[PDB]
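Using the hints provided, position chains I and G relative to the given structure of chain F.
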Amino acid sequence: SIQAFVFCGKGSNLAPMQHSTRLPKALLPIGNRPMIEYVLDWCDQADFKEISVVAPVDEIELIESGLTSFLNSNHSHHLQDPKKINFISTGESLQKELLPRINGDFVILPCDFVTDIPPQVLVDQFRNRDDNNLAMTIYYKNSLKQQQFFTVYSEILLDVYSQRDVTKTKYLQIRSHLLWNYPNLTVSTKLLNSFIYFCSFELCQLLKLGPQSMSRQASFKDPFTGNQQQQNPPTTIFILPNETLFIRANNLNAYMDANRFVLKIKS
Amino acid sequence: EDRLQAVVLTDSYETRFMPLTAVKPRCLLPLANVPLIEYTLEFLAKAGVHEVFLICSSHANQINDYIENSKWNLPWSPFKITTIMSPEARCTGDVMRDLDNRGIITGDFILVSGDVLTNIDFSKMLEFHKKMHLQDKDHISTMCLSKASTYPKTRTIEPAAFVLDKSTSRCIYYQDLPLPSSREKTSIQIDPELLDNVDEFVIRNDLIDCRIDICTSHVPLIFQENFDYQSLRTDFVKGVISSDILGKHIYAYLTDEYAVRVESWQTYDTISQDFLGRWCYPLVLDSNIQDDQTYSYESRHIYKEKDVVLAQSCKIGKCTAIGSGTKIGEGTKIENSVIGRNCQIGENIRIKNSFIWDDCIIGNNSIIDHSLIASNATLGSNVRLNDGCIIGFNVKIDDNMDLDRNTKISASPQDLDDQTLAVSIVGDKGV
Amino acid sequence: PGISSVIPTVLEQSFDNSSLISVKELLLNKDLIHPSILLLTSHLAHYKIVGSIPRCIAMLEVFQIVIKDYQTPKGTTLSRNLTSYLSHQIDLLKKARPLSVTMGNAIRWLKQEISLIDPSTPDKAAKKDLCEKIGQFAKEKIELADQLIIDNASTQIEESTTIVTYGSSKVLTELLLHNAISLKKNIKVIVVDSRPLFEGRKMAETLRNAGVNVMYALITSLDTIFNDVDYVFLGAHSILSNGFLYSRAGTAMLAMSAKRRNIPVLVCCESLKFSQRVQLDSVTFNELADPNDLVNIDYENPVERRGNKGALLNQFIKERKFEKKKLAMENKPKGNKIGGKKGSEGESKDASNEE
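Protein sequences, first through last, are from chains F, I and G. Counting with PDB author numbering, you get residues 2 to 17, 58 to 112, 128 to 144, 150 to 205, 218 to 228, 237 to 317, 383 to 413 for the letters of the first sequence. Counting with PDB author numbering, you get residues 24 to 436, 455 to 472 for the letters of the second sequence. Counting with PDB author numbering, you get residues 237 to 257, 259 to 464, 466 to 593 for the letters of the third sequence.
One or more of the hints may lead you astray.
Unchecked claim - Pairs of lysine to any residue residues, derived as SDA-like cross-links and limited to a Cα-Cα distance of at most 20 Å, are as follows: (1) I:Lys-176 / F:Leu-272; (2) F:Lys-90 / G:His-271; (3) F:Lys-202 / I:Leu-218; (4) G:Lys-261 / F:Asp-185; (5) I:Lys-338 / G:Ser-316; (6) G:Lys-305 / F:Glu-228; (7) I:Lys-147 / G:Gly-545; (8) I:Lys-208 / F:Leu-272; (9) G:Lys-361 / G:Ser-316; (10) I:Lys-208 / F:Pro-264; (11) F:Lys-218 / I:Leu-217; (12) F:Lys-218 / I:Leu-218; (13) F:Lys-271 / I:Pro-215; (14) I:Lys-170 / F:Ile-237; (15) I:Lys-375 / G:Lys-425; (16) G:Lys-261 / F:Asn-265; (17) G:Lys-564 / G:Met-494; (18) G:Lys-421 / G:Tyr-469; (19) G:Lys-285 / F:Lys-90; (20) I:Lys-170 / F:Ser-227; (21) G:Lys-425 / I:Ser-190; (22) I:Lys-170 / F:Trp-261; (23) F:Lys-271 / I:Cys-342; (24) F:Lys-271 / I:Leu-218; (25) G:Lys-267 / F:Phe-89; (26) I:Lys-189 / F:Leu-272; (27) I:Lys-189 / F:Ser-2; (28) F:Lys-202 / I:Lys-170; (29) I:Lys-189 / F:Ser-227; (30) I:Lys-69 / I:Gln-85; (31) I:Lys-338 / G:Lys-305.
Quick caveat, the hints were computed from the structure, so don't treat them as lab data.
Okay, chain F solo, but in the shape it has when bound:
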């Protein structure tokens, strides 16, 4: 039932390296070490035998050559390149395509990863607390602005609001039904999602019927609200996401922060 998924793509946010056909986003040295090495090291620690890797239309054998040569791997990886992806579809269309391969509960983790955290304890929390989703938040730099806002419950630990300030209006707006239930709420500014996602089996029933997901963040975890109307047919446990806070440095790399990760390693 348990299996891990590695999500590979191509970067458009970065300035210089990625535009070349020979070099992909998966194979990039940051601190004299390859990027996908840390993903393989994590999966080896978490104890997973069934790992399947998804790939875009570009780089069909370059990822397969990187997994075989140099890299410790010692695991059977299933690399596939679907043709429905158009870049303008990113990952949700990839998720809707491959669904009969998954037998039970699945873990989604992108290729753009830097990790310095214990892996097994995140898996154990997913297994014990008995819910659909779990996400991780990590602090921004402290050594010598409008970004994004998360809401966290603290006693069971849950997630409610994750929407950014890009298309957000002049005023901060909250709904009453979503506040009256779960009355205590903590809003985070410094804490950021490092793309760690845990998922259950019962997600397979809804992905084939109703296409609603976007960017694997905006309308991925947001369908959870048992509020106001309640109209979408549920799979039978209340649809509820989770969150856990961490101190150590482990975050995403997509923008200008990639140069700061090199400064973090060399110390």
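For chains I and G alone, kept in the frame of chain F given last:
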């Protein structure tokens, strides 16, 4: 640090209690057979007040006479009471300007709206107020808050949502919501002027209002300057936050222990049930504060004063209190209910979750359930009552009378059904 | 293979009869163990609800899942590596939490069933009949037998009565729930609780959810609540050969008071609960747990305080030792309600020979 003066906001939440406050004042009403003011005064004495101020206008003569009879007119008292007489019925802002014109406020003063019973030690509060005042110069007032009963699903009258700092504990927003009683509004709009100055935003609705304030000498000067502000919470706090004077701060204090302000009837009922229980550890009936009180604790939360008379083969319940000079007849069931001093009770009477104040006579064969009775009022024979049925002063209900849910009875001999005189609108009678 | 030795806190000068250690957070194990076992061991290590009765029911269901998931190898037969795999399960269960008596009778039943079925019948035809038999076995010995205890107690309890209880016993929760709903009596239920586990708190919560007149109390205050009380029900764990009541923590104290204050003690029990191991004092074989559960300062299980206590290893002799399973003295209880209806604890082993 010593010398502290206090101002008490009375004549503030009148007619919020609908059938009462007709002849006698708001704060005269007993919680546990003892006036609401007495609780507040006990809180003042435990805090360490040297000078007391009171705001009386409506039924002011009865208040002044009660202070004359009080334990604080006597020379040994740590505080002396001086009453402020104002025009009949005015907002809190109008009284603030009146007091600033008179000019008695020195340094740090105290303001309490309504009557609050709490077991929370105030010495800690004063220290943390002073520590935060030494942090920066332009700092104003202090607010008290306590943790709610997990979910406030039964609490509808106080829907106050608070946005607070994790580091400095500064309030950001105040909002009222109709939500569960009236499903109409959902939206709450917040000002984005204080986003990166705070960073650690914490939004909570799970906090109970207290309306107890430690205030600086700035406050009465601001009230006279900005005379548009009528309220002290809804418009004032929000006005202070939203860049009226830049660099000015207001406190929000979190406390784990019990602190609930009285405002409504069903809130009053919960506080009273909390007092009968051992929620307020120091504030218990057996300790006796009014001096005339001679209450003694009995196991299973049963309170009895001295000179309690009871008939044989009678069953008493849980969380009950009975006053002094009280007589009870046979076949009586008293469960989760307060009965006042000098109250004569007939026979075959079943009481559950109800309320009876001082000097009340009840007729034989009557069932009373979750319903309140005021002082010097008599109940007849064959009386059946339901939940939330509040009966006014001196109301004589005659023999054979049935009243349904929420049937409020007037205390003055206006618009609502049932009055003070014999057979109250079951056959047209009443002035 | 597993983690063994190296234990928190002192070895202790007094009381060192049992193991005080074990795996909470999963690190270094065999990659063949069925995850439903791994879930139950992680459950029982920090469990708040279970107390003797429910532990076996879960253990049976987990076994039923394993057999349903079991596919017979082409080389090795059914009775080849199964019993070794089961021995690995029990050893992992032992590492997490010492087993109950009812668990032992289940294992003994299962090992009897392995020997009964010979490797000659087809695989899918075998396991289909096996799980059906286990289901019927669990129906009889637990669910139906429980219902028999219910009705036996129903005749015994008088109309409009006060009952004081202790623990988190499944049989008694259902007993009192039956009294409140089906029979409709004036049952005043008082619940007592200890420090390591808020078992009674959970019971009272569930009784409140039914809508019962519930008082909730502690061991410290008893000579006040008693002076009221009629029948006292105790959550059985195991009754031994002699007729000693091996049960949870604050049980014997209550048993003593009730014997002293006239109206006695009653115990509901299962026919699977009886053992043949015998003892006379609490020291003999105790279910010891780590003082990590006693670190917290009052109120709830997770509070996390910067309090007064914190050190155990570095402190020069500070044994904060608590026990879980105690022994009530023989004479003090009076009634036992089982599969075979009734019988005093003086009789005890009239079920073990009856089988």
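A quick look at each hint next to the structure:
1. I:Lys-176 / F:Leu-272: Distance of about 31 Å is beyond 20 Å: violated.
2. F:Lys-90 / G:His-271: With a Cα-Cα distance of about 15 Å, the restraint between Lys-90 of chain F and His-271 of chain G holds, given a limit of 20 Å.
3. F:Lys-202 / I:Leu-218: holds (18 Å)
4. G:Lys-261 / F:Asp-185: This hinted pair holds, its Cα atoms lying about 10 Å apart.
5. I:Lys-338 / G:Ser-316: Violated: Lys-338 of chain I and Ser-316 of chain G sit about 68 Å apart, past 20 Å.
6. G:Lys-305 / F:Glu-228: violated (38 Å)
7. I:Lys-147 / G:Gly-545: OK: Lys-147 of chain I and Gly-545 of chain G at ~19 Å, within 20 Å.
8. I:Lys-208 / F:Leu-272: Given that 20 Å is the threshold and the Cα spacing comes to 31 Å, the pair is violated.
9. G:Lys-361 / G:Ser-316: holds (15 Å)
10. I:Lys-208 / F:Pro-264: Given pair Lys-208 of chain I, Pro-264 of chain F holds - Cα atoms ~17 Å apart, limit 20 Å.
11. F:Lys-218 / I:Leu-217: At roughly 11 Å apart (the allowed maximum being 20 Å), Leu-217 of chain I and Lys-218 of chain F satisfy the hint.
12. F:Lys-218 / I:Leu-218: holds (8 Å)
13. F:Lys-271 / I:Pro-215: Distance ~16 Å between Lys-271 of chain F and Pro-215 of chain I Cα, so the pair holds.
14. I:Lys-170 / F:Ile-237: holds (18 Å)
15. I:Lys-375 / G:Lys-425: holds (16 Å)
16. G:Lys-261 / F:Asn-265: violated (30 Å)
17. G:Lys-564 / G:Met-494: Between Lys-564 of chain G and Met-494 of chain G the Cα gap is close to 13 Å, so the pair holds against 20 Å.
18. G:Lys-421 / G:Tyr-469: Holds. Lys-421 of chain G to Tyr-469 of chain G sits at ~18 Å (cutoff 20 Å).
19. G:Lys-285 / F:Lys-90: violated (34 Å)
20. I:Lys-170 / F:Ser-227: holds (15 Å)
21. G:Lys-425 / I:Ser-190: violated (48 Å)
22. I:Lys-170 / F:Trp-261: OK: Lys-170 of chain I and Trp-261 of chain F at ~15 Å, within 20 Å.
23. F:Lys-271 / I:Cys-342: Roughly 50 Å between the alpha carbons, so the hint for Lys-271 of chain F and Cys-342 of chain I is violated.
24. F:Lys-271 / I:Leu-218: holds (12 Å)
25. G:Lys-267 / F:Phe-89: Satisfied, since the Cα-Cα distance of roughly 13 Å is no more than 20 Å.
26. I:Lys-189 / F:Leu-272: holds (15 Å)
27. I:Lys-189 / F:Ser-2: violated (42 Å)
28. F:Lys-202 / I:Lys-170: violated (34 Å)
29. I:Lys-189 / F:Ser-227: Cα-Cα ~13 Å, so holds.
30. I:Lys-69 / I:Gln-85: Status violated; Cα separation ~26 Å.
31. I:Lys-338 / G:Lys-305: Not satisfied, since the Cα-Cα distance of roughly 59 Å exceeds 20 Å.
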